[PDB]
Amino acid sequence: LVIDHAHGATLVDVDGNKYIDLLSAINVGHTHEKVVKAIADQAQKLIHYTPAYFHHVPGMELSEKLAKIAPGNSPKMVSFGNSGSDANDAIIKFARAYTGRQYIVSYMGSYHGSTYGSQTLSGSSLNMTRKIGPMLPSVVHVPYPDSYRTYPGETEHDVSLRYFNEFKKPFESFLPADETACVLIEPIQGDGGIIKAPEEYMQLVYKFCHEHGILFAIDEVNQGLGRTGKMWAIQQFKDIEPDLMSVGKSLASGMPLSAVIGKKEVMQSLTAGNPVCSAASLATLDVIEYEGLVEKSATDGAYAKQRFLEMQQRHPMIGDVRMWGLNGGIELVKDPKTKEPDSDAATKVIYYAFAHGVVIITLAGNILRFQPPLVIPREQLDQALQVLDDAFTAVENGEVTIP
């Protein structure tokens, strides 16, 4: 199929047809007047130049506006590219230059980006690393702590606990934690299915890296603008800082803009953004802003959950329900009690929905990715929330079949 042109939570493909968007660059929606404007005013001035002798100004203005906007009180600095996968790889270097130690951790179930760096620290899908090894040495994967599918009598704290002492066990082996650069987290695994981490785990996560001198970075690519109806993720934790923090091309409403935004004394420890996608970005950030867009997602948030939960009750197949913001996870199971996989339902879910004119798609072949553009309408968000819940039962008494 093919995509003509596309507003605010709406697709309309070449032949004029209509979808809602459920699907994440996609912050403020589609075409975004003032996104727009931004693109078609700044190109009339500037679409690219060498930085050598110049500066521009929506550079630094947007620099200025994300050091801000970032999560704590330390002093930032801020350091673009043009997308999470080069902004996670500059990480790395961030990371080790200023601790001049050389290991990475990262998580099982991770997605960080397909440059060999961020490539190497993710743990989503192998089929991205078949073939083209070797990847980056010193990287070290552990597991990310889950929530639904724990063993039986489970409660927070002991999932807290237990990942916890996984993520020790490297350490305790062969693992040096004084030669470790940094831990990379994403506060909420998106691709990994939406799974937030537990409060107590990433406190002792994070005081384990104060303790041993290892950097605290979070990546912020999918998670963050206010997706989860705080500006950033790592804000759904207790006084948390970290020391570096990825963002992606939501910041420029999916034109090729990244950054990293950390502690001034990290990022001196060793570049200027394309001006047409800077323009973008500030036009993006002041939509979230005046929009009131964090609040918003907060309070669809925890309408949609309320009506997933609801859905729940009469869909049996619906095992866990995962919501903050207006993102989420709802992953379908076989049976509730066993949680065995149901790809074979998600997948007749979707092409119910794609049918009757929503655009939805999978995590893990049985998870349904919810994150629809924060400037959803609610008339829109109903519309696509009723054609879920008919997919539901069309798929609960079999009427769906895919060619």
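Positions refer to the first chain, counted from 1. Only the largest set of C-alpha atoms that superpose within 1.5 Å between the two forms is called the rigid core. Compared with the form deposited in another entry:
The residue that stands out in 173, 125, 306, 155 is 125, the single one whose Cα moves by 2 angstroms or more between the two forms on a rigid core fit. With the core held fixed between the two forms, residue 377 has its Cα displaced by under 2 Å. Core-superposed comparison between the two forms: CA of residue 336 displaced by less than 2 Å.
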The other form holds:
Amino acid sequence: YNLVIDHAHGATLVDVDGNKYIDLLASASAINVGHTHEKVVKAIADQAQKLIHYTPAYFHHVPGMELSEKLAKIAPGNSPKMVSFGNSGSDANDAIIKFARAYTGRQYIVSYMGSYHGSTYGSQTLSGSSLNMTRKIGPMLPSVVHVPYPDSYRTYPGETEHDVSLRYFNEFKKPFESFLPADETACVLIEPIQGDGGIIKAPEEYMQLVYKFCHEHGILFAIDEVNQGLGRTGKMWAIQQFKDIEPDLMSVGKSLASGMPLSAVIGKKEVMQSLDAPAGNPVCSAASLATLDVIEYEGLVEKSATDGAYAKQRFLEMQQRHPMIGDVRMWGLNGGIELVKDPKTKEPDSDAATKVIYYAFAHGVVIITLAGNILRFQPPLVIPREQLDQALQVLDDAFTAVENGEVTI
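Switch from the form deposited in one PDB entry, shown above, to the form deposited in another entry and output its structure.
Next up is only this chain, free of partner chains and other molecules.
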């Protein structure tokens, strides 16, 4: 924005002029635990003194070593895990293909519509989000198939939620009853809940079906936790929001260390040993350890859930007074609050979603839209309930603003 950024602590952002802003984008999930958090600043700085950089290849450092343990330990499920480290969720998704393809000796990758696994040649190929248009830069990474994601808002007449999971599971089956063998596809990468596609969840009835087909045909079941991890959902991992799921392979990046360039691939021991190198960094390891501690100490996973239920209840009543709110998809501090021209037609109102970004930003609170009309509500999980209401307030006048036909551009 025209006036550029200075410092920030928890939820308050401060730019060059001293202007105060309430945060809700939280850097596409990273700011899980606020900005400049004292234990994580202390850990950064105290580590930078000891050793800035050495690589997991040739030498061990301690914190990355202490980190690895804590990440196999915290990981979803009980099977013996192992972590590989990366720089970004972007490069950890690449790895998930490398691993998948190695263990299974297989080529094809089934990734999703609506999804955004990243920005390197492999993770850019796996994605398919609105803005995320890989124009001019093809050909992409070969042997990748896409499959639709269970849309819940936009449906045929009289579909139950049981029906969605049947109709989208049918769509998912469709290439495997055609051109894609099953004994050839090495991996299904799924967002348990989609980020960029508009804070969309898949029904459990669906994921289980997908988590069976994967298990029945030997195709690795990988989950992308870069955006929806570390309490964001109200449980510690988005995958846990479903009953009994043990991902073969999982990615996390971004959030892991309050925005320091770190990432992990957490999967099964036998999967993690089909390559062996060269087919980690200390300060962000130290930061990771510091954020992990904060997640556990401040009851943050719970704060994610308790504030998460509350905010749902605030967007529900607020939808009642402003019929433009077409859907509200909250699971944790984790909203998908999407605007529509009419509630019958459910047509996007990207016009109305951008105006609300303008009112928000101009009246002391920062938020953004995903694919056009859905506002992504992903605030830092240490937002004092106070600050949150002042966000909700402004988000509310802004609704009425655009309703009464107030702010222009």
